[PDB]
Structure formats: C-alpha cells, structure tokens
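> So you can see what is in the structure, the chains are spelled out below.
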Amino acid sequence: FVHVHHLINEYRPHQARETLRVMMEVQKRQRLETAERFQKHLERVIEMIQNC
Amino acid sequence: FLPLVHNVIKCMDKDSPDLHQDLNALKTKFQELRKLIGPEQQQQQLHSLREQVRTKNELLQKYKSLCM
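Chains as they are written, first to last, in PDB author numbering: chain D, 116 to 167; chain F, 61 to 98, 107 to 136.
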C-alpha cells in the first residue's frame, strides 16, 4: 500500500504537467489553424469582390 | 400633325371642285391616329432615373479597391 501510494504521488504531477503541455499545444495549433482559415476566407472574399 | 393640315388643304382646294371628297377618310384617319397614338413629368422621371443610375454606378465603383 505504501509503495502504491508513493507511485501514485510520483505519477500524478508528471502526468498533470504532460496533460497541461499537450493542452497548450492543442490550443496553439487550433488558434493557428483558425487564423489560417480566416486568412484564406478573407482572400476568397477579396477575390469574389474584385471579380465583379 | 401633317394629317390635319393636309385635310384642310384638300378641303380648301376641293371646295368648289368636289370631285373626290376625302373629308370623311381624313377624319377617320385622324381619329384612328389619335386613338392609336395615345407634360414634363416624363422628363422629370427620366432625370430622376439618370441621377439614380449615376448614383448606383458611383456606389458600385466605390467598392473597386479591395485588398483584403
């Protein structure tokens, strides 16, 4: 029981830090993808505007 | 309206010499032309339409320059 508690206490902080880093990376990737999509949409809008 | 003038001229020339009396034909032709033909209101409407078309063209050209 003592060894199990020690292993749980040792594995909790590293797992939490890894999850936080993965969440930050996912948020950064989603923000970059949204920015690229908005840029492409604005380009298509300018193209459609200059079309007429 | 050349028809009325022509009818008057024919009636004056054929007053004593009534060989061919086209008075009835002329009157019927004048009535038919008046029925078929049918103020400055039209000019004002045309001016308003021209101004509106110019405004629409200016508005359409206002959106020419567009980068993003």
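To be clear, the hints were calculated from the coordinates, so they are not data collected in a lab. Be careful, since some hints might not be right.
[Said to hold, decoys possible] When the alpha-carbon atoms are kept at most 20 Å apart in a straight line, the in silico SDA-like pairs for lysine to any residue are as follows:
(1) F:132 x D:159
(2) F:87 x F:73
(3) F:124 x D:166
(4) F:70 x F:82
(5) F:132 x D:167
(6) F:132 x D:126
(7) F:130 x D:120
(8) F:130 x D:116
(9) F:132 x D:161
(10) F:132 x D:165
(11) F:130 x D:160
(12) F:70 x F:85
(13) F:132 x D:166
> Compare the structure with each hint and give your call.
So, going through the hints one by one against the coordinates:
1. For the proposed pair residue 132 (chain F) and residue 159 (chain D), the alpha carbon gap of about 16 Å is at most 20 Å, so the pair holds.
2. At roughly 17 Å between alpha-carbon atoms, residue 87 (chain F) and residue 73 (chain F) fall within 20 Å of each other, so this suggested pair holds.
3. With a C-alpha separation of about 18 Å, the suggested pairing of residue 124 (chain F) with residue 166 (chain D) holds against the 20 Å cut-off.
4. The hinted pair formed by residue 70 (chain F) and residue 82 (chain F) meets the criterion: a straight-line CA distance of about 8 Å does not exceed 20 Å.
5. Proximity of residue 132 (chain F) to residue 167 (chain D) is assessed by CA-CA distance (about 9 Å); at most 20 Å being required, the pair is judged to hold.
6. Using a Cα cut-off of 20 Å, the hinted pair residue 132 (chain F) and residue 126 (chain D) is violated, with the two alpha carbons roughly 62 Å apart.
7. In summary, the hint linking residue 130 (chain F) to residue 120 (chain D) is not supported, as the alpha carbons are separated by about 72 Å, beyond the 20 Å threshold.
8. Between residue 130 (chain F) and residue 116 (chain D) the alpha-carbon distance is near 78 Å, which puts this suggested pair outside the 20 Å criterion.
9. With a CA separation close to 10 Å, the supplied pair residue 132 (chain F) and residue 161 (chain D) stays within the 20 Å bound.
10. Distance check on the hinted pair: residue 132 (chain F) and residue 165 (chain D) sit about 7 Å apart at the alpha-carbon level, within 20 Å; holds.
11. Simply put, residue 130 (chain F) and residue 160 (chain D) have alpha-carbon atoms about 17 Å apart, close enough for the 20 Å limit, and the pair holds.
12. A hinted pair counts as satisfied when its Cα atoms are at most 20 Å apart, and residue 70 (chain F) with residue 85 (chain F) qualifies at roughly 11 Å.
13. Restraint check for residue 132 (chain F) and residue 166 (chain D): the C-alpha separation of about 10 Å stays at or below 20 Å, so the hint holds.
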